[PDB]
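A short worksheet on the structure shown next.
The other protein chains are all here in position, but one chain of the complex has been omitted.
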Amino acid sequence: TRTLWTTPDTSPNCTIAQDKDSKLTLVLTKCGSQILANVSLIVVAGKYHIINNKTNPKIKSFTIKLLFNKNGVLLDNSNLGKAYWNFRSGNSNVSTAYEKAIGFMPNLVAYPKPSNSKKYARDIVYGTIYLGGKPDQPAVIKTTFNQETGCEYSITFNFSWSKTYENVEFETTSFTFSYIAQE
Amino acid sequence: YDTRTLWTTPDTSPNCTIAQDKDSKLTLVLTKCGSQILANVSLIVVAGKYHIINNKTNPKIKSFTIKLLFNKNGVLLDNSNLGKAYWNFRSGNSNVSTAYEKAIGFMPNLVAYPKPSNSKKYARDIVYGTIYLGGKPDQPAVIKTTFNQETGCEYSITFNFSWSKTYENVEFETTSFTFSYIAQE
Partner (left out) sequence: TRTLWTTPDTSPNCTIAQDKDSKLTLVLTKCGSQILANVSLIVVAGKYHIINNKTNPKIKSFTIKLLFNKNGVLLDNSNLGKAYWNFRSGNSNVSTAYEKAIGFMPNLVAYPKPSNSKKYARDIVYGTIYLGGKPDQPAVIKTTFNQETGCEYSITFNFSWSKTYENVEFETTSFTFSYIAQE
């Protein structure tokens, strides 16, 4: 019960532009009051599979949202599927779906919901990953905590790029970050 | 110490003094994972010299430093930029009722990161990172963290904030950065 994950296989579990068009590999490991997070993305099909900005200049970014309720349970309006998001057992999941993961949630005082109080940048982490493992193919991964509505908690991943890529497959290197846990 | 968290609390009440008294909120969370400390940091400047940056009118205002000084027991010293009042072990979204006496297991390893001496100074006592002002991807600032290079203390952690862009009326409040370092014990 110290690790919440997608499993490490490559079976599509995520819907960006069309049903199960991607594998988001996300591993959350509870190190007390901090969650250690490891993420990568493979797109297998649809609009974001093969990037061509000569042909499609406007395709420059997309977002993957994980929305959670009071008990830390993934809501079905998330881009990530509920089917294999669960606590770890081996290279797989526990047999039954979890009902509480509040200790894996981003801290609401650290990272508050939108309000008429001043909005601070500390609820964001920026990173850069590399498409196809090539050092001249950067894309920015921007992670934001608790800024979606219709949820108690949220983790959102925005992927974007500034280069004009021609036929570059969107599959990434891995990035590690952390965040402050709710409890 | 095992698995505990030493932190500033995660609210936005100013706890830190850069240019003038309580001009900033340093949010710092140190979590012990055995022989390494997992660190998470951000900064909000609320007042004074470094609150709103304009390098057109003031091209030479480009960097500043925040120091955490520790004694032999890992207790924060009063002359650190960070105030002692809310630097303590975690309890809920606040701190334990007793001001801590021992945190040597949270201190940067002195063999890995020695104090200044006339022996060769190696770069491994530094971690560089980049954070973004206002959460804007075109507003980077460098956060340089250095271990055990201060004097008048047994241990130290120093944060130097710098930028090479010419900012015009930009509020210095940052995204978050994560790093680790080797623990003394």
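Per-chain numbering from 1; labels A and B assigned in written order.
Note that in this section a residue touches a chain if its C-beta (ideal position, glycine included) is under 8 Å from a C-beta of that chain, and two chains touch if they have at least 3 such contacts.
Participant: Taking the full complex into account, find the residue in B:38, B:53, B:76 or B:107 that is in contact with the omitted chain.
Facilitator: Of the candidates B:38, B:53, B:76 or B:107, B:38 is in touch with the missing chain.
Participant: Which residue from B:12, B:109 or B:139 sits in contact with the chain not drawn here?
Facilitator: B:109
Participant: Identify the residues of chain A touching the omitted chain, counting contacts across the whole complex.
Facilitator: Per the touch rule, chain A residues meeting the hidden chain are 2-3, 5, 8-10, 25, 27, 29-31, 36, 38, 40, 42, 88, 91, 128-133, 135, 171-176.
Participant: By the contact definition given up top, give the residues of chain B that touch the hidden chain.
Facilitator: Output for chain B: 33-36, 38, 109, 111-112, 122-128, 142, 144, 162, 178-182.
Heads up, the rule we're going with is that only the chains that are shown with their structure count from here on.
Participant: Measuring centre to centre with CA averages, how many angstrom lie between chain A and chain B?
Facilitator: Centre separation, chain A to chain B: 27 Å.
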